[PDB]
Every structure is written in structure tokens, then in C-alpha cells.
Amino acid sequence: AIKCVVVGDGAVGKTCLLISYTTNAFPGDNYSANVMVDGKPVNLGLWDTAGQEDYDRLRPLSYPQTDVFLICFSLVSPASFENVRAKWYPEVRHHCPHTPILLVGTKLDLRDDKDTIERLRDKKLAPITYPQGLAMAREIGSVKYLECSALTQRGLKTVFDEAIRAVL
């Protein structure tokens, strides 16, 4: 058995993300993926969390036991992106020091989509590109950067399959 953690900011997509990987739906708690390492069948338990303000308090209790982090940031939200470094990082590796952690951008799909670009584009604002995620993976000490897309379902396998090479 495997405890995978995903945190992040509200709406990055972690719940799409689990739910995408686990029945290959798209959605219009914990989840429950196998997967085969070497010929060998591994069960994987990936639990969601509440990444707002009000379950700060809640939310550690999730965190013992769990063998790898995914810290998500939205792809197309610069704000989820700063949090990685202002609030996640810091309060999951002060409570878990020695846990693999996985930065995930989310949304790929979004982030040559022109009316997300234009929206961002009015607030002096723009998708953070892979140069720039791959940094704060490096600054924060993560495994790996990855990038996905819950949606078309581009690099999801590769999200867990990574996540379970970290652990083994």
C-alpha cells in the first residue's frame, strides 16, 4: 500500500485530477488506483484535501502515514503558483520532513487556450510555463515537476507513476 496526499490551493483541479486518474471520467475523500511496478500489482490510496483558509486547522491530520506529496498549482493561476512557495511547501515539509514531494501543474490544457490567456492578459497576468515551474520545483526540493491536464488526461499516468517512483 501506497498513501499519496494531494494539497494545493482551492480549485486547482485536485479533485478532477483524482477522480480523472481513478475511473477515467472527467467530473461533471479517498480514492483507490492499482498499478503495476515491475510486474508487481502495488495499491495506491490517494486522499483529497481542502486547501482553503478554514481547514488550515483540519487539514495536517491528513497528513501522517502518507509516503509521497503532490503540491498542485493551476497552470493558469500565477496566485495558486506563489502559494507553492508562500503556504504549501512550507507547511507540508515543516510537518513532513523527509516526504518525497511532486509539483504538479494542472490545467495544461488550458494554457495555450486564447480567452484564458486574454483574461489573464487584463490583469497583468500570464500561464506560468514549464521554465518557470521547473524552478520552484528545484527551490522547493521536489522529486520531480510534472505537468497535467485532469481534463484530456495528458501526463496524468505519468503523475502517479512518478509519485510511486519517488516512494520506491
Given for the second form:
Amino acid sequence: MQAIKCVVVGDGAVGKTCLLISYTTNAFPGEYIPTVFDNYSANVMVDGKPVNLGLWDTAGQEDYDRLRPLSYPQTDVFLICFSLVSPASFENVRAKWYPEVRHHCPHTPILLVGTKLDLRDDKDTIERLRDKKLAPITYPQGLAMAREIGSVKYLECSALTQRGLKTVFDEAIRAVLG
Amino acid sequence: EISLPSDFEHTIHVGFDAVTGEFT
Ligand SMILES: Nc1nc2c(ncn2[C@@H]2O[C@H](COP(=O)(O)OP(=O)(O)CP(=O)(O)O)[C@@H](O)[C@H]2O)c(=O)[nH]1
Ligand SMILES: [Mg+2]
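Could you give the coordinates for the form deposited with its partner chain bound, as opposed to the form deposited without its partner chain above?
Zooming out: every chain and molecule, the one shown earlier first.
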């Protein structure tokens, strides 16, 4: 069976684990349990042939900066993730995640993924940001960041509602296999 | 086209126990 290795990175609290678990199991995690290192496996049929997805969940915490690259060798595609309702997490795409991944994996495709899409239209979330003169990250703004960091694709999704979720992994697959 | 995923397995779990200072 063809196999694809996909590694997911990005700031603490952005939704990396929920993204992977909602996609692979259709169940959205009830708890917020920060990750150290987890690997999941799932199969998909791609144009009539099965592909094994090896999905590598990593820690957003800076504590794990020396450990994290244990995941990187032989990666086929990265998902760099930020929350659409956390401008700090968005900035770190450029400041931290892109340069980290590229150092270890000079040629590996990167998808930029904006998470928590359901909160961009959430009134309380909008107000919480508006109180501080901020707004959610917009699709054109995310795309501009994707271009700046040389992502092969920019995608937005909600692990919670599953809107855009399948497409994130579809595009990750196509980024590797065509 | 690409199908929905199947056959979920949680293959590796690494924890950290802050009291013992060790990975679980
Ligand atoms: N509204 C909403 N909340 C989400 C979504 N995805 C994750 N969350 C929430 O964000 C929090 C963090 O989710 P989690 O998936 O653990 O984030 P992570 O990036 O894996 C955290 P770490 O890097 O420490 O492992 C949780 O409270 C979770 O419920 C989403 O699509 N929508
Ligand atoms: Mg996690």
C-alpha cells in the first residue's frame, strides 16, 4: 500500500489534534489535552487505490522545540496550522513554523491551514477581538501569508463542524501524489 | 477522487509526567 507521511505543526491551542482526530474518526475531542507526540494512521482510497496516511501530531509548546524534529525526516507534506481567531498564532506561522520546517525539510510541500473557521462568524469571538481592536484573519489575508511562506496551498477548516476538513487532507494527498 | 478515511489506529502515544519528569 502506498503511504504518505504528513506532519502537523503550529502554536499551542490552534487545534492540530482536533483537526486530525475529527478527520480520522469523525469524533471531536471533548477535552483540551496538550500534545507531546502522537502518531495516527488512517487509510483513504485515492483514484481507486488505497493510500495509508501516517499522521504525525506534534506539540505547539516551545518546551518541545528540541524534540519536535524527531517527526520531520521523510515527511511528504506539512500542515502548518494557525487559528483564524488568533492573530498571534498567525504571526508565528512566519516567525517560527515556516523557518523551523524548512530548515529540516528544504523541499517538502507545506500547506497553510487556518483552523477554527466556525469561530470567524461567532459573535462572542468577534466581540472578544473587537474589544482589542482586532478581527479574525480573513481568507485573502491568510492567502497572502501562504504566498509569503511559499505554501503550495492555503486552506481553511473547522474541526468542530467539519466544514473544509476533508479538503485539507485531500489537498495534502494531492500535494504528494498529484 | 478521494474517499473519506477509514481504519483509524492510534499507533504511538507519548506522554509526559511532570511529577516524575519522565515520558509515558
Ligand atoms: N470552536 C472550535 N474550537 C476548536 C476547533 N479545533 C480545536 N478547538 C479547540 O481548541 C482547543 C485546542 O485544541 P487542540 O486540538 O488540543 O489544539 P492543539 O493545537 O492540538 C494543542 P497542543 O499544541 O498543545 O497539542 C480545544 O479547546 C478545542 O476544543 C474548531 O475547529 N473549532
Ligand atoms: Mg495537540
